[PDB]
Structure formats: C-alpha cells, structure tokens
Amino acid sequence: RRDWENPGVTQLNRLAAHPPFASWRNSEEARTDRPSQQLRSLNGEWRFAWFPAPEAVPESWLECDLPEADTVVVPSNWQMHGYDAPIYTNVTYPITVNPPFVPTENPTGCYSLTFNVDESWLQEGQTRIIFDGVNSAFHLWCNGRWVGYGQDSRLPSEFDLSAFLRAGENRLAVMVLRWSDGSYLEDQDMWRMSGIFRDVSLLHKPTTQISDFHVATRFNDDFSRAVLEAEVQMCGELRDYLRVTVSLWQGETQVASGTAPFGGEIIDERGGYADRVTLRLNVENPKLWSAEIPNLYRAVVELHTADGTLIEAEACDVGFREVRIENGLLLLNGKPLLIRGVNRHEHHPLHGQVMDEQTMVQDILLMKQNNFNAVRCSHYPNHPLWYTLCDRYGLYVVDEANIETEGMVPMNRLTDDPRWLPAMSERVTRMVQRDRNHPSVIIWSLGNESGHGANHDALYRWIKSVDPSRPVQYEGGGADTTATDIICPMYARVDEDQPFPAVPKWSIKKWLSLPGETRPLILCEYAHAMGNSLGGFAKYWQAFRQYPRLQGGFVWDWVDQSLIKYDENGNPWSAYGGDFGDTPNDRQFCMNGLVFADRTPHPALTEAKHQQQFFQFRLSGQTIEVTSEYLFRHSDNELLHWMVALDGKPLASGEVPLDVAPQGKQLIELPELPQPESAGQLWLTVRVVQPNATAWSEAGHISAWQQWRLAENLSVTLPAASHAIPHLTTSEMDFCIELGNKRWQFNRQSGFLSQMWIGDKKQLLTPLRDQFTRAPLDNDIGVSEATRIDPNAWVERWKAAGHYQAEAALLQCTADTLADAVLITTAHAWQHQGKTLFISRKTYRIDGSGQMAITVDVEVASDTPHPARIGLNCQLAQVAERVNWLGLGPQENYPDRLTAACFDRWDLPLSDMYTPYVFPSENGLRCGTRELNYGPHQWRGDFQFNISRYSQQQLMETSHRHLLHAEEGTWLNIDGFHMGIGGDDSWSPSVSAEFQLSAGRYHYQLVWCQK
Amino acid sequence: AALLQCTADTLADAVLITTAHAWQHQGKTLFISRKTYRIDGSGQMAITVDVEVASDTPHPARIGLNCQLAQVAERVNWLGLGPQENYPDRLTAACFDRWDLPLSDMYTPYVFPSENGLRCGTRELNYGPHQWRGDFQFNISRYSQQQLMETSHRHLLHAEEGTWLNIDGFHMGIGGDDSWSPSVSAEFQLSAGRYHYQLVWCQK
Ligand SMILES: OC[C@H]1O[C@@H](O)[C@H](O)[C@@H](O)[C@H]1O
Ligand SMILES: OC[C@H]1O[C@@H](O)[C@H](O)[C@@H](O)[C@H]1O
Ligand SMILES: [Mg+2]
Ligand SMILES: [Mg+2]
Ligand SMILES: [Mg+2]
Ligand code: NA
Ligand code: NA
Ligand code: NA
Ligand code: NA
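In order, the protein sequences belong to chains 1 and 2.
With PDB author numbering applied, the first sequence corresponds to residues 13 to 1023, in that order.
With PDB author numbering applied, the second sequence corresponds to residues 820 to 1023, in that order.
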C-alpha cells in the first residue's frame, strides 16, 4: 500500500507540530535554559544498509539487525557516506515528472538503532521520539511493530512510542525512501540527497501535559507599555486543581507573572476551550528586540497544581518587537527597516546538508561582521537551533515553507490543483506552529518558485488569521500577487525593465509606483554572487537609500554548495555538478556564494560589507559629516579613525569618538590638514572602529570606511634629461634598441616586443601583445552549454564574432631615431573572416633614462560585440614573491565592483593576486593603478591589471581550480580598459551599459622600466 | 599658459614638434596640455593632444583648441551631428550626415550672447581651404569667446577679422533643469581628469 506515492497521505500517526519542548520538571532549569533530563538525544552510531528499492528490504530487518549492515553516524546523508551519488540539478526534477509517482528503483536507506529506556520513563507519562529531518519520506518501526509514516524533509516528525518501548534494550527500524510524492514539492536548486540528516530525540512528557503555547507582544503607540499574551493548551486529565503560571524574566529579575486555571473565554455558541487558558502580563518600558540590539526576556510556562506542585514547565526566549507594514512601509518597532540580507542554504562541504552549532555560529558571525542583518531560509524551514541563534545574535529572519515545484509546467500546475492543497497545507501550517514564537522570525514565506495557484492564496489567508503579528510574502507568479504583503521580486534590476510576459520584472524603482500599487518592495533574491560577480551591487544600495519604499533585499547567496572529493593521492578538492556521476546535472550553478564552502570570503563579500555600512559620510572642506543608519542603537561602541596620505605616503591622522543617535548626524572638524608639497594626490580615508569586542566581533573590528580625493598637484617639473642615448640596430627581421645594460628587441615580422634583456637575462617568455578577450566569467557564460548554446550570452556573442581567434595582421612597423630616444611605431589589424574587429596603433619610446613609453590607440568596430577588455599581455620570465602597486586594493576589484576598494600602496604575495574561484575564469584584476611593481619591473600609468601563474587561455580551458598548473614565469595582463563583470543575475547579459567597452576608440599609455 | 617643453625632431618622413604647457593661477596648476604635431610628406598636420585636469579644480567648461583664422568663407561643410546647434546633453534630435550651411547659420542669435553654435560628433570639418578631421565638436563664427562673454546684447556684437574656430575634444553639457542653480548632470561634466583627442589639419 505505497504511501510514498499518494499526496493524500503525508503522515501516519504523527503527533501535532508545536514550539520547541524540553519538558523540564524544574522551573529553574527552564528559566536558565539548561539541559533537560526528559530530553535525550539518540544521535550517534546507528546501523545502516542501502537498498535499490523498498521491495528489496528483507523482513528479518524489522526484528533482527542485518549483519551486512554498517555502523554509521546519525544524523547524516548517505550520499556523503558513499552509498550512492548525490545529484545536482537546478530546475529539472531529479526524477521523471509524473505526479504522484516516483521511480520503481527508489534508493531506500535502512537505519536501525538499539538503545535502552529507563524503567522510570515507562512507568508513567508519555515517551515520544522526534526526527528533526528525514529526506524525503520514511516508515518507523519500534521493536518489530510498526509505528507510523512521515513526509516533508525539513520539519520534525514526532511519534508516541509509549506503547512500543520496554524497559531495557529496544530497537528502532527506520526505512527512509529517497524519493516520494513529497519530492514534487522539494525541487530546490541544491544537491539532491537523503537520509536522517537532523537530530533524533526522545522526549518524555507527563500524561497531563502542556501541548502548545503561543507568545504575543502588543505595545502602545510609543512602545512605553507592552502586554505579553500567552495562550496555553493542555492534554490529559482536566482537573480544577490544575493551573498555568506564565512568568517573564529579565535576567535574574522577574518583571511580571500571572497565574490562572484552565478555561478560556467563550468563543462561540458551544462555549470555549476548557483545555486552554491565556495569560496577559503587563510590561512597562520594555527592552525592545531588534537585529541592532537583541534584547531578550525568558518566558517560563509552568503546568502545576493549585497547591503549588509543578507538573512540568516549558519556556522560550521572548523578544519584544512589533512588525507591521503601514502606509507602504515595513516597520520594525515603528521604524522603517532596510533589509541588508542574504539567502542561506544549509550546506556543509563535508557533512552534506547536516547542520551543527559550530557551522551556524560561524556563518552568523561572518554575516554580522559584513554588515548583514537579515537572512532568508531559502527554501525550507531551517534546523531548530538556527532560529535560537538568530534570536540571540540579532538577525531578521524570513521563515520559508518547504515548497518548490519550479520543475512543473506551468510552474503552478500543482500549487493550483486542489488535490495538492493538503500536502502544501502541512508544509505551511507545521512550520508556523513550530517557529511562531521566535522573535527573529519577522516574515513568513509560502515557499519558492511554484507559480501562483489558489493553494497559495488559501494558505496565505490562513497564516494571516492564525498569526497577525507577521507579514506573509511570496515571489511566485510575478512577485506582486494577492498572496504577498511585500513586492518581493528576485533579480529585478534597478533601472532596467525585463518585460517578460505574465511575470515581468520591472525596474524596482518603477515597480513601486505602478498604478494602484502601494506595498513595500524587498527583493527576496538579488545580486547573484556566482563566481566573479556582484558587479552593479552599489547601484542597488544607492537606490535602497534614496527610495523610502525600496527597503532592501536578500543577496543570493551565502555559501557555495560545493562538495569535497579526493583524488588518488587522497587530497581534497571542491566538486560540483556532475562530479559524482550525477546526470543530468547543472554544471557549477550550485556555487553562488559570497564565501566558499569552507566559509572563506570571496572578493565580493568585501564589496557587500562596504555598501551595507550603517554609517554614511559626506565631506565639505574641513568637515566630515557622519549620519547613522541605525534605527535604535546609539554609536556607543565606535570611534572614527581618519588619515591623510599623499599617494600612499601618510602625513597626518587622528581619531574622534562617535556619538551619533540613530538616524542622527555628527559633524567632525578635521584639524588644519597637512599642507602637501610634493606632486601627487592627497587621500582622506576614514574608518569606523569598534574598540570593544562584541559577541560577534573581535576587538578593533572595522564596521565602515570611506575615501575622498583631497587636493591634487599636477607635476610640472619634467625629468632631468640624462646624457646617455639609446642605440638602434637594424636587421631585416628585427629592431634592437640597446642602452647601457638594457636590450630591447622588436620582431619586425610581428610588430610586437619579442624580447628584453637585463644583462644576459631574458625578460619575456611570450611576446608583449594586445588582448581583447578574457577567460569567460560565469556571468559571461550564463546558461550556455557545450551542446545547448545560448547565442545571447556574452561569451557566445564573442565566440561567434571571432574575438577568441583573431589573427593579428601587421599594417606597419617602423623605427626612427630622435634627439634622445629610439621610436618604434606599430599598427595591427585583428580580423576574422575578412571582418576587421580591432586596430591597434602603438609607439614605443625608449629614451636615455632607459624607460620605455608605450602609447596605445585602439579602434573597435561599431558592429562587433564590445570587447571584454582592451590592453596588453605577456608572459614574464621571473616569479617574484610579492606584488606592490599604487592603486585600488587590496582585494580583487573590477570596474562595476570597486567601491569597497581603497587607493593606496598595497603589497601582497603573488598568490593573493589570484582568486581561487572553483570554476576558473578571469580574476584578480585591480583597477585604478598608477604604479605596479613586480620583480625588477615597474609599470606606470593609469591601468588595471591581474598578475598570476595562469594564462587567460589555461583559465578558460580549465574547469576546476584544482586542475590548474602553474606555468613558467608570471603572466601579466595590463588593461587600459576592462568590461564590467555584471551579476544582476547569471543567466542573461547583466553588465550595465556604462560598463561596456563601447566608446569605439580607446587610448592608454604605459611606462615600462626597471626599478 | 607656462611653457614646460617645446622640441622638434626629424623623422624618416615628417617633422615632429612636441609641446607641453602648464596653465596655472596663483601657483595652482590647473591644466597640463601635452601635444605633438606631425607634419608629413602628404602635407598634413596631425595634432595629438593629452590634457590633465586637477582633480580639485571645478571641471572645465571644455577641453579643446582655438584660433582666429584669417579667411571668411560663405559656407561651412561638415560630416557630423547637425544641421542645427547641438551640445552633449542636447543632441538626440541631431542627425549624423554631411551638412552644408552659410557661415551665419553656425551662430545662434541668443539675445544674451554666450557660447553657441556648437556641433558634436564631427569627423570632418571644411571651411575655406581648410579641412579638419577627427572626432571633435566645434563652433565657427565671427565672434570670439571673449567678445561673447563681454557683450550683453546680440545687437552690440561686431564681426571680427577672420573667422574664430573653437575645436573641442570635449565639451561640458549646457544643462537646463532650471536656470538658477548648477543643473548639469554629472555624466556631462568634464571630470575624467585625463583627456585625449587627435586632429588632422590640412588643405582640401
Ligand atoms: O541561482 C538560481 C536561483 O534561482 C532562484 O529563482 C531560486 O529561488 C534559487 O533557489 C536558485 O534556484
Ligand atoms: O530561477 C530563475 C532562473 O534561474 C536560472 O538559474 C535558470 O537557468 C532559469 O531557467 C530560471 O530557473
Ligand atoms: Mg505520500
Ligand atoms: Mg530553483
Ligand atoms: Mg559608494
Ligand atoms: Na529605502
Ligand atoms: Na543556484
Ligand atoms: Na564610542
Ligand atoms: Na556674456
């Protein structure tokens, strides 16, 4: 009687969902949130055996352990144990789309556990087992006898084992099916795994117990008073001597407390709930909760007798906060929020989708450290501990039901079918009943990518009836449907409309003012951070700050979903789509994070931190104006740190303490700054510093910064002409310039500098040539594949145009002698099938001081896709340990993603000039560089550059960063101009026009020499 | 305009004059203009300009060259944006083509005299025996920028000897969102710091 193929059966004998319980038998333990004797963990070593289908599971297993089984750790994903491969598919379902049927060959994981139960647990009360997460459906047996069934991989399933357990040894048999009808609602773009991946527990409750409690906090207009309302429901024998006492604790203090017997108010003609009671406590001047200041209280619910005997007690942290959308704005405690959020999948590079406290806290610290204040549980309820952490550390959470069917056609084929209303209903209602008490949860989401069906509207209204305290949102069907309180598009651009039929993505600014529209707009996903991305990120924030109703969004996404594999030698490397024999697979589309699977920041994370600062600065002569973007806190743990520097050389500095009220401003008068003398550019740089360490930050943590170009002094005193003069030698094949020790050679057959010498030492391994292409970035490739080509993607437009295989034809190559320098003039014409794509005219001027002045002037056909770049490149022979440059840094920065970078003198090891993106591509570029120093070399001008041991060619031919091999020497890419990286989304041209090399005619000048 | 350098060299087929000036005011160096004139066998002068602008001096109204020509022709022919006066931030209506008009139509009789008649995106300009080629903007009339800024009414303007030529490699926008406060959009402000344009002067 196949239950995994019937959307009408989502469980069998499963107990009701509810807030986190622990059944303390001591109120003091409850208040202090200390471990509970009535809550045992069944985590550890279990017995596991894999099978090709449930029909292959031998009966013996139900009562007797299979010897063929192995001992494995639980929770875990059997794919991670190597029992079968984890699949990575984006939209296209991993199985054949034929609801509600699943493959006959359904990987079945057989988990078993022998453990014993204290005799005292069976002498009284209720003993139940709790599975926080089983992917994707499963049957449970206790001591050979069958208990129940459950579906929905992201919420806990609980069963009453009281009548199955015996004192002493007991055995659990858990048959977990990888696929099930529930899989139709679990089509998220992530690795497709299975098994018991979340904690297993054993909870003992009294017979007469607390079965549920709801905490609510309502305030007066100025939040000076608040009423805490606690609705409590019980089970078991009802008796008058029964009582419930809800007490509110602020630390060791008891702010309020109320006691009352069961018996609710009259609700209808039949009376009221005799098995419930509501307590209402008053609270004067409550400490409000926010991501800024996570002020919490402790609510302790006690079930006892009138004579004072405790029966059992439950509790939870309470955060006094009011969330409401009013007059088009999302208000948190009366103030309009600006969501600096990010989407976060529960992913571990080694543990699969199994979460642990440590990984969680880590992520949370990183997030807050990079100025994030909100997170979206994309796309399913998260592990229970997570909400607890966000509560205490301070993070606005979007709790999202486990429902995605993006693979269906049309997308709402299931969500609009009343036959599936039941399955969906439970994934929404059970989430609410579980997490509704967490203050960090400020918004409820109905799921992800599932079109817009009636079911969504029905469930939308349910939440609104059940819990008025939180707004509901859903992006399906166009982001502004009748099923959402917030216009929550995903990847809708700032100024550009994407008029798709039925579900267009309007410019977020245009969206707010559409006729009739009045809701607040917060993108549920934006700034696809896939690889070298996040370009144009600053534009979003510029807009968020200017438009009251543009209240932020959630970046996509937090961490790369890469898994660790090992080569023959036993070395670890990051793997993605297909790397497990999984097929069909979606390449590297599972890696869209701001950090690598091991939580190592990507360059882009830094840009995010900067744009999401909570302190804005403006400069007016001598005064720096600091404006606070906080809504509640005062800048009581910050001090401004300034410093003036002439092209890297510091001159003055100081530090003023910050005393800014939320929303307020503070003026800082810098002392008569040092009057520069030497030629150069003076740069004022301010940094906000947190002197004291917090719960999430180290001491001296930097929360914000900003630069300003002070005065400038154009150098007029041109160089003192040296008396030496370069000598020009002429072959029929070469032009050789010699000066003292240095030797220059221009191959008259190419028109390029083929070699240089500093003594009997060669300097180049590859001629110094022009370059107009780049190792395609993920954003340049989009969804274009080997067999399926997307002619629109930048990479394809370039390929087709012939940029990647252009033959450089020589038009001219002459040499002349001047009063004090040799002058080589070149001129090339890159073409493809006749079409002249680029023309590069240059003039090299080597003078007495031994400096080579390269002047380039390029032309680009006004009918050939704009080049990825316009510069020069060559393979240097040396391999130095450091790289020093005066320009934007220290981290990788590109035209459309360089706001965070600062202008100064930077020095780093050659390796840090290379960004280890799992999928290799153009990287490590640094813009606005006036001086570059590598080995004996020094390049001067106003260029961009990237320097590493990998050629653009290798990079574009290599698929994984671990297959990259260092090459002889160091590859230098010096660009006069570089196209933006884009990133508004990674599946369609997303580079803003102002960042496209389209000028037609470009000009840059370089000065090569020996330092 | 202080002279920093002015040298001449001989090449395999052309003379090469290199200049470099530093416009200042009370010590402060406002602009630096490096140029190289290349007159070759075909008798064409190739002027290559490379200007620098102090990143702390109000963005210049323009970046070009000018001189008072001796001739006074009846027509003006150019390949670029026209036929009417057009500026960077107000040239959408103009079309690219070959335009020919009488010298007078290259002057806009605004009652209150000011910079006028500019034409952007010009690749070829023909006046009298002259022809200028490149990718510049220009305005050509019988009134000097100086007279124009010293004169209050268009009827007090007197034609001057010859024809004044203003060839800009870059011209700041005219603005107009309102006429009582800076109204020129940032993208139209000569702020790049370093500019570069090239011209070819010759006889048609
Ligand atoms: O990067 C692709 C993304 O597309 C979004 O629409 C979806 O909600 C995400 O879960 C992910 O699939
Ligand atoms: O989620 C929105 C989009 O995400 C992309 O990754 C996918 O290739 C598209 O087909 C669409 O699903
Ligand atoms: Mg079922
Ligand atoms: Mg998806
Ligand atoms: Mg900025
Ligand atoms: Na806003
Ligand atoms: Na993705
Ligand atoms: Na402070
Ligand atoms: Na005037």
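No lab work stands behind these hints, which were simulated from the structure alone.
Be aware that one or more of the hints could be misleading.
[Stated by the list, open to error] The calculated label-pair distances, taken between Cβ atoms and stated as ranges, are:
no., chain 1, residue 1, chain 2, residue 2, range
1, 1, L920, 2, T876, 30 to 38 Å
2, 2, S1010, 1, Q262, 53 to 61 Å
3, 2, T826, 1, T826, 47 to 55 Å
4, 1, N339, 2, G846, 54 to 62 Å
5, 2, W999, 1, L679, 23 to 31 Å
6, 2, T970, 1, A664, 23 to 31 Å
7, 1, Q761, 2, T826, 29 to 37 Å
[Said to hold, decoys possible] What the simulated footprint calls covered on chain 2 by chain 1, stretch by stretch (three residues with Cβ under 8 Å from a Cβ of chain 1 suffice, anywhere in the stretch; the number is not a length):
no., segment
8, 826-834
9, 917-929
[To be verified] To give an idea of the chain 2 side of the interface with chain 1 (calculated C-beta under 7 Å), a few residues:
no., residue
10, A841
11, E871
12, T970
13, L976
14, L984
15, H1015
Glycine included, C-beta positions come from ideal geometry on N, C-alpha and C.
Starting from the hint list further up, note which numbers the structure goes against and sort them upward. 3, 6, 9, 12, 13 and 14
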